[PDB]
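Participant: Chain by chain, the residues run as shown.
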Amino acid sequence: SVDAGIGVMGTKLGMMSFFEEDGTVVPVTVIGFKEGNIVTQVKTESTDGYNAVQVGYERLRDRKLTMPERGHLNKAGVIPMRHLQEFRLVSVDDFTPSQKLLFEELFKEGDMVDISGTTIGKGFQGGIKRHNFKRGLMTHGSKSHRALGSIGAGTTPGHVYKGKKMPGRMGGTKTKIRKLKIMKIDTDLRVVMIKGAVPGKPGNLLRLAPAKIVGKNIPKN
Amino acid sequence: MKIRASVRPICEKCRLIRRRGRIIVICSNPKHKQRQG
Amino acid sequence: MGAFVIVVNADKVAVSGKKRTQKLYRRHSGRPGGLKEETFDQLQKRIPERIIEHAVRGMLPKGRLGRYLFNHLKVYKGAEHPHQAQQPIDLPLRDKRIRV
Amino acid sequence: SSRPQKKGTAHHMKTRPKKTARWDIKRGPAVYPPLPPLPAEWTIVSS
RNA sequence: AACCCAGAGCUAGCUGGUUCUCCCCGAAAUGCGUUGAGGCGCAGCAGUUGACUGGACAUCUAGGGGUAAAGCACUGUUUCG
RNA sequence: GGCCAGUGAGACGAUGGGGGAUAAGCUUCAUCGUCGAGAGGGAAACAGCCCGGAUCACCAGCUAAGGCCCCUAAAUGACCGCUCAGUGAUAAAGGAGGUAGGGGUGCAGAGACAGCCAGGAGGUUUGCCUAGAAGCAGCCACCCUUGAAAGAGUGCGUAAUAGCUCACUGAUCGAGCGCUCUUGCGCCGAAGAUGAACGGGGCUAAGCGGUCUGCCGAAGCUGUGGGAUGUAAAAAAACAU
RNA sequence: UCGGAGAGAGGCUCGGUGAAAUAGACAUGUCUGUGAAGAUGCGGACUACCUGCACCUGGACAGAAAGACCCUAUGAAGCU
RNA sequence: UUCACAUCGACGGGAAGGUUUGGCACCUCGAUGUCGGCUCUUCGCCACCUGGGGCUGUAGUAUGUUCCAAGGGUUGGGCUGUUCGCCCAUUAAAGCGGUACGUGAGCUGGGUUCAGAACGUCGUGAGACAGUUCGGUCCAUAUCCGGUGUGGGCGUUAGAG
RNA sequence: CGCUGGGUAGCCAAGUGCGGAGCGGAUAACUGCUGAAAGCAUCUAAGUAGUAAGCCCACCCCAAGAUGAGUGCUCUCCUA
Ligand SMILES: [Mg+2]
Ligand SMILES: [Mg+2]
Ligand SMILES: [Mg+2]
Ligand SMILES: [Mg+2]
Ligand SMILES: [Mg+2]
Ligand SMILES: [Mg+2]
Ligand SMILES: [Mg+2]
Ligand SMILES: [Mg+2]
Ligand SMILES: [Mg+2]
Ligand SMILES: [Mg+2]
Ligand SMILES: [Mg+2]
Ligand SMILES: [Mg+2]
Ligand SMILES: [Mg+2]
Ligand SMILES: [Mg+2]
Ligand SMILES: [Mg+2]
Ligand SMILES: [Mg+2]
Ligand SMILES: [Mg+2]
Ligand SMILES: [Mg+2]
Ligand SMILES: [Mg+2]
Ligand SMILES: [Mg+2]
Ligand SMILES: [Mg+2]
Ligand SMILES: [Mg+2]
Ligand SMILES: [Mg+2]
Ligand SMILES: [Mg+2]
Ligand SMILES: [Mg+2]
Ligand SMILES: [Mg+2]
Ligand SMILES: [Mg+2]
Ligand SMILES: [Mg+2]
Ligand SMILES: [Mg+2]
Ligand SMILES: [Mg+2]
Ligand SMILES: [Mg+2]
Ligand SMILES: [Mg+2]
Ligand SMILES: [Mg+2]
Ligand SMILES: [Mg+2]
Ligand SMILES: [Mg+2]
Ligand SMILES: [Mg+2]
Ligand SMILES: [Mg+2]
Ligand SMILES: [Mg+2]
Ligand SMILES: [Mg+2]
Ligand SMILES: [Mg+2]
Ligand SMILES: [Mg+2]
Ligand SMILES: [Mg+2]
Ligand SMILES: [Mg+2]
Ligand SMILES: [Mg+2]
Ligand SMILES: [Mg+2]
Ligand SMILES: [Mg+2]
Ligand SMILES: [Mg+2]
Ligand SMILES: [Mg+2]
Ligand SMILES: [Mg+2]
Ligand SMILES: [Mg+2]
Ligand SMILES: [Mg+2]
Ligand SMILES: [Mg+2]
Ligand SMILES: [Mg+2]
Ligand SMILES: [Mg+2]
Ligand SMILES: [Mg+2]
Ligand SMILES: [Mg+2]
Ligand SMILES: [Mg+2]
Ligand SMILES: [Mg+2]
Ligand SMILES: [Mg+2]
Ligand SMILES: [Mg+2]
Ligand SMILES: [Mg+2]
Ligand SMILES: [Mg+2]
Ligand SMILES: [Mg+2]
Ligand SMILES: [Mg+2]
Ligand SMILES: [Mg+2]
Ligand SMILES: [Zn+2]
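Those protein sequences? They're chains E, L, Z and V, same order as listed. So the first sequence is numbered by full-length UniProt numbering: it starts at 85 and just counts up by one. So the second sequence is numbered by full-length UniProt numbering: it starts at 1 and just counts up by one. So the third sequence is numbered by full-length UniProt numbering: it starts at 149 and just counts up by one. So the fourth sequence is numbered by full-length UniProt numbering: it starts at 48 and just counts up by one.
Treat the hints with caution; some may be incorrect.
[Stated by the list, open to error] Pairs of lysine-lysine, DSS-like flavour, derived with a Cα cap of 30 Å:
1. E:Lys249 to Z:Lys184
2. E:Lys260 to Z:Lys184
3. Z:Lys193 to E:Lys127
4. E:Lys246 to Z:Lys160
5. E:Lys96 to E:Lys246
6. Z:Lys171 to Z:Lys184
7. E:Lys192 to E:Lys206
8. Z:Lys244 to E:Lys246
9. E:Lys127 to Z:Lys244
10. E:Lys192 to E:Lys249
11. Z:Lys193 to E:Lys300
12. Z:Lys193 to E:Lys304
13. Z:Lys244 to E:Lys304
14. Z:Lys160 to Z:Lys225
15. Z:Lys160 to E:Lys304
16. E:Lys258 to Z:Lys167
17. E:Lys248 to E:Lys192
18. E:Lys263 to E:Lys246
19. E:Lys246 to Z:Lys222
20. E:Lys118 to E:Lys248
21. E:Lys296 to Z:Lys193
22. Z:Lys184 to E:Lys304
23. Z:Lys193 to Z:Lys160
24. E:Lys96 to E:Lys285
25. E:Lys184 to E:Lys285
26. Z:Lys244 to Z:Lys171
27. E:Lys265 to E:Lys246
28. Z:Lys184 to E:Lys248
29. E:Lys296 to E:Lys279
30. E:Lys304 to Z:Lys210
31. Z:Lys184 to Z:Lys222
32. Z:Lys244 to V:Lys66
33. E:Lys296 to Z:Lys184
[What the hints assert, rightly or not] The following residues of chain Z were derived to be distant from chain E, with all beta-carbon distances above 10 Å:
34. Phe152
35. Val153
36. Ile154
37. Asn157
38. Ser164
39. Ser177
40. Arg179
These are calculated hints, taken from the structure and not from any lab test. Cβ atoms here follow ideal geometry from the backbone N, Cα and C, with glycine treated the same way.
Using the sequences and the accompanying hints, generate a full structural model.
Facilitator: Set out below in structure tokens:
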């Protein structure tokens with residue numbers, strides 16, 4: 085999809101509170117930043133048919149990388165890095181490789197931001213937790229307590245409908261939390277404070293970019 | 001406008017005109033305008 | 149034993165009557181609400197090429213070979229194609245009702 | 048509601064192919080002249 | 001209205017089953033009667049054999065009816081003046 | 001006549017009727033056809049409808065019903081007309097300046113049709129109804145005068161006044177105009193439950209009607225060559241099956 | 001209401017031992033039609049790489065008991 | 001109020017639909033398990049609310065009737081075995097129906113269709129009542145299709161991240 | 001867990017945040033503009049404009065087994 089602006093990647097560190105001057109409480113989530121936030125590749129319409137830019141993160145030892153990945157980073161004279169993600173845009177006229185991306189230059193204060201990361205993996209869960217189905221009676225002779233019940237009508241149609249809400253794996257996928265307010269910046273510790281929750285546990289990767297709104301930022305269709 | 005299957009003029013000023021494959025009545029009185037089907 | 153065919157200027161295809169707003173290209177997913185109707189003109193803007201492909205497919209045989217015959221058809225929106233090295237020729241048209 | 052459906056064998060009587068055309072029913076095979084008397088197909092030589 | 005053995009391979013107008021080949025001909029689901037109605041008997045229709053016949057198809061003519069249609073002269077019904 | 005079987009649940013369709021609701025793929029009789037016991041071809045698939053009754057073989061040919069844009073065999077054939085609704089698959093009353101015609105009828109160079117301008121009175125205000133209305137709540141009645149044209153006045157509006165406005169005539173303007181039936185093809189009426197569902201793809205002829213000439217098309221017919229049955233009693237040849 | 005957490009025995013994995021009902025052959029999709037009137041098996045269109053594992057049962061007019069309801073038999077039996 | 005058609009519309013007429021009670025008795029008797037409820041769906045519109053309009057005997061607010069529109073929504077309780085239906089308090093409104101009157105190899109068994117017993121009634125009687133009453137066993141390890149998830153193999157024209 | 005009183009992480013809701021945007025596109029019903037056939041009139045059988053919780057895109061996730069199997073960067077293919 086098309087992003088409204090350019091974002092970065094950070095790691096969840098934990099969660100805490102934030103007391104305002106008047107005294108109001110704000111449940112705030114903390115996000116740290118590793119060393120690498122440098123641009124790796126710049127894509128254009130002449131070559132790839134779309135405009136975007138890669139971004140790497142989480143520097144690591146060079147021995148751990150596969151040798152193809154080295155040549156991709158060594159082209160732009162860039163340090164070794166683990167992760168890579170893109171940021172699709174309308175114009176990439178002001179970006180080059182070997183370019184750092186400071187978040188304080190992009191997210192000053194009180195700016196809405198779209199967080200996205202991997203959720204907690206619940207595993208093979210049932211219907212009551214996954215699809216919020218209701219439960220049967222626990223007494224009065226009922227045999228079915230947490231079962232689904234019926235999964236179809238009968239001879240007509242004569243088969244189970246596709247996409248029937250049924251058990252399976254839950255969580256562990258990608259999500260996006262929209263319009264979260266930034267509370268405070270701290271360049272001394274290289275950390276950022278955002279109101280609200282964030283998907284995943286501490287140490288998880290995520291991407292934060294400027295909040296995209298339908299009619300305001302992105303091109304309508 | 002009131003709709004029916006049998007549309008015809010009610011008074012003298014009612015005119016019958018076809019628009020978009022539909023027989024329609026048009027008059028100065030807002031009551032007397034009609035539409036078939 | 150047949151041959152290849154290339155189509156160009158697919159978006160300039162003619163259509164008689166009011167089929168430009170009445171002919172409904174449609175498809176289905178499998179759900180009880182997966183029916184997606186689409187007109188000629190709406191499909192003419194989104195993907196012009198399915199118009200030619202959907203028509204010829206109904207005329208080709210149905211089976212192993214017909215699925216193999218479809219790839220022999222090449223269709224393009226613009227007035228040019230990259231298949232210059234093959235040295236194609238202009239196709240004849242016995243019918244006289246095709247040119248408006 | 049009070050009109051039956053004509054579902055059984057009557058569906059055949061109503062829907063079977065018909066011509067209903069004097070110009071098409073009156074037709075027949077094409078007539079050509081007869082060929083000359085042809086020779087036989089085989090003939091034995093003394094052997 | 002116990003169990004075993006025997007009469008007893010009881011009976012079952014009811015189900016099910018009934019094994020190689022080729023050739024020729026070829027049905028009926030109708031009527032009467034039945035403590036009968038998803039059974040049986042007779043007729044009708046098959047096959048096979050024998051005897052006696054000359055018709056069948058087509059065409060024309062003759063003969064008696066009381067249907068369609070038509071009608072209100074009878075029997076009933078009915079509108080107006 | 002002898003010997004000796006099975007059958008005695010019928011089915012849809014056509015016609016003639018009955019019962020039913022002039023409903024039923026309903027039910028019961030009569031006269032026929034087919035299936036039953038019947039393959040093949042057409043009908044998208046589909047015992048009862050249409051053509052036609054499979055002795056067998058052929059990588060031969062002509063045809064029937066029915067068809068000839070592609071899937072899918074045969075003329076993207078010809079000529080005279082109709083429809084623009086994807087009608088072409090599916091049901092009526094009723095509705096209509098739809099469309100292409102047809103047959104009556106009326107009007108017009110001593111001006112028709114529409115458009116714009118001018119007039120659109122008075123009296124026996126009849127009587128009746130009403131507190132009141134000259135025409136306009138309304139009943140009966142609808143005669144007469146002046147004039148080119150005007151009515152016991154069409155519609156609007158007023159309790160009633162008043163007023164607006166119509167028929168009608170005068171001029172302007174120059175070739176057509178109106179009334180009433182009617183045929184063919186179509187439009188609306190025409191709404192259902194898993195998903196185009198009407199063979200499909202698609203077609204403005206690749207639809208509907210008329211006309212001419214070719215072709216495709218069955219296990220039918222013809223041609224060629226075998227087997228068997230009956231005539232029939234040996235063979236053979238022949239006819240029929 | 002409105003579920004949630006936890007323990008134990010199974011479930012799941014590995015090794016060993018190792019059944020059963022069932023079963024015309026099965027290379028076993030959906031839709032809408034058709035049909036003994038309710039089709040994976042016929043028609044048309046759509047969808048669909050091959051093959052496993054763990055889970056859920058709508059259908060296969062699933063399995064199980066020659067329907068125990070109703071009717072038939074010039075059947076059987078008990079009772080009045 | 002006068003005005004047939006704002007809203008009703010007698011008398012009669014012409015239709016569609018296949019959810020009611022029925023007619024026929026075509027599939028199923030070597031079995032197609034029932035009423036209601038729980039859980040879980042999914043479609044239809046002849047529209048209860050929500051969106052947008054027309055007419056009104058629409059001043060306004062609020063209606064009334066009707067068109068487009070099925071995207072979403074359509075409460076919790078008292079009585080009843082129930083459906084239906086009445087009632088309490090609310091709500092934007094508390095819609096009608098199809099899917100074997102959706103769904104029992106998914107659940108419940110209160111009702112109906114076994115054996116016990118009793119009242120009333122009928123019958124001389126054994127017994128009987130689509131009359132009532134108390135009580136009364138619902139099995140099942142998923143082969144295939146189908147469905148929710150997760151792998152492997154191979155392919156994608158050298159092999160890969 | 002003998003019975004009880006408390007309880008971190010974890011899981012969970014009753015707890016805590018976020019979400020549902022668009023003067024974007026095309027339409028239905030309706031209102032229209034311009035204006036013939038029919039010197040008038042007519043929303044239209046040329047053209048064109050407003051406008052629905054509906055339709056399409058946009059928003060979120062999956063996704064080239066999309067066999068139509070794509071695109072781009074990088075890497076490897078030794079010895080005799
Ligand atoms: Mg986990
Ligand atoms: Mg509950
Ligand atoms: Mg339990
Ligand atoms: Mg099925
Ligand atoms: Mg019917
Ligand atoms: Mg013929
Ligand atoms: Mg015996
Ligand atoms: Mg004895
Ligand atoms: Mg014979
Ligand atoms: Mg009989
Ligand atoms: Mg007979
Ligand atoms: Mg007797
Ligand atoms: Mg008898
Ligand atoms: Mg008998
Ligand atoms: Mg018999
Ligand atoms: Mg008997
Ligand atoms: Mg006999
Ligand atoms: Mg008579
Ligand atoms: Mg009989
Ligand atoms: Mg008679
Ligand atoms: Mg019958
Ligand atoms: Mg019968
Ligand atoms: Mg026969
Ligand atoms: Mg048919
Ligand atoms: Mg020929
Ligand atoms: Mg034809
Ligand atoms: Mg051909
Ligand atoms: Mg059509
Ligand atoms: Mg049609
Ligand atoms: Mg068709
Ligand atoms: Mg013709
Ligand atoms: Mg033969
Ligand atoms: Mg022959
Ligand atoms: Mg546990
Ligand atoms: Mg355990
Ligand atoms: Mg083991
Ligand atoms: Mg398969
Ligand atoms: Mg049928
Ligand atoms: Mg079917
Ligand atoms: Mg087959
Ligand atoms: Mg099929
Ligand atoms: Mg289970
Ligand atoms: Mg069974
Ligand atoms: Mg039995
Ligand atoms: Mg029995
Ligand atoms: Mg008897
Ligand atoms: Mg029904
Ligand atoms: Mg019924
Ligand atoms: Mg069985
Ligand atoms: Mg509606
Ligand atoms: Mg019912
Ligand atoms: Mg049910
Ligand atoms: Mg079930
Ligand atoms: Mg009970
Ligand atoms: Mg007594
Ligand atoms: Mg009790
Ligand atoms: Mg059970
Ligand atoms: Mg399995
Ligand atoms: Mg499976
Ligand atoms: Mg505690
Ligand atoms: Mg404790
Ligand atoms: Mg105008
Ligand atoms: Mg004009
Ligand atoms: Mg137009
Ligand atoms: Mg909208
Ligand atoms: Zn009027």
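Participant: Confirm or reject each hint.
Facilitator: Hint check:
no., hint, in the structure
1, E:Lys249 to Z:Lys184, "22 Å, holds"
2, E:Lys260 to Z:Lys184, "28 Å, holds"
3, Z:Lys193 to E:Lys127, "27 Å, holds"
4, E:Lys246 to Z:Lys160, "39 Å, violated"
5, E:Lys96 to E:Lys246, "38 Å, violated"
6, Z:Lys171 to Z:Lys184, "13 Å, holds"
7, E:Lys192 to E:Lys206, "36 Å, violated"
8, Z:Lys244 to E:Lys246, "49 Å, violated"
9, E:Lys127 to Z:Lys244, "50 Å, violated"
10, E:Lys192 to E:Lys249, "43 Å, violated"
11, Z:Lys193 to E:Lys300, "25 Å, holds"
12, Z:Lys193 to E:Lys304, "17 Å, holds"
13, Z:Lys244 to E:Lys304, "45 Å, violated"
14, Z:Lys160 to Z:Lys225, "9 Å, holds"
15, Z:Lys160 to E:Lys304, "27 Å, holds"
16, E:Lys258 to Z:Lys167, "44 Å, violated"
17, E:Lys248 to E:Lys192, "45 Å, violated"
18, E:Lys263 to E:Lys246, "34 Å, violated"
19, E:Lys246 to Z:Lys222, "34 Å, violated"
20, E:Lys118 to E:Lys248, "43 Å, violated"
21, E:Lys296 to Z:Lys193, "27 Å, holds"
22, Z:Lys184 to E:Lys304, "22 Å, holds"
23, Z:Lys193 to Z:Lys160, "12 Å, holds"
24, E:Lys96 to E:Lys285, "7 Å, holds"
25, E:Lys184 to E:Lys285, "27 Å, holds"
26, Z:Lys244 to Z:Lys171, "24 Å, holds"
27, E:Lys265 to E:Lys246, "40 Å, violated"
28, Z:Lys184 to E:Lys248, "20 Å, holds"
29, E:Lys296 to E:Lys279, "18 Å, holds"
30, E:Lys304 to Z:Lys210, "41 Å, violated"
31, Z:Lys184 to Z:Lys222, "26 Å, holds"
32, Z:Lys244 to V:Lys66, "29 Å, holds"
33, E:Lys296 to Z:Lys184, "29 Å, holds"
34, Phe152, "27 Å, holds"
35, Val153, "27 Å, holds"
36, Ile154, "23 Å, holds"
37, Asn157, "22 Å, holds"
38, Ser164, "31 Å, holds"
39, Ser177, "8 Å, violated"
40, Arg179, "6 Å, violated"
In terms of the numbered hints stated before, the structure departs from hints 4, 5, 7, 8, 9, 10, 13, 16, 17, 18, 19, 20, 27, 30, 39 and 40, listed from lowest to highest.
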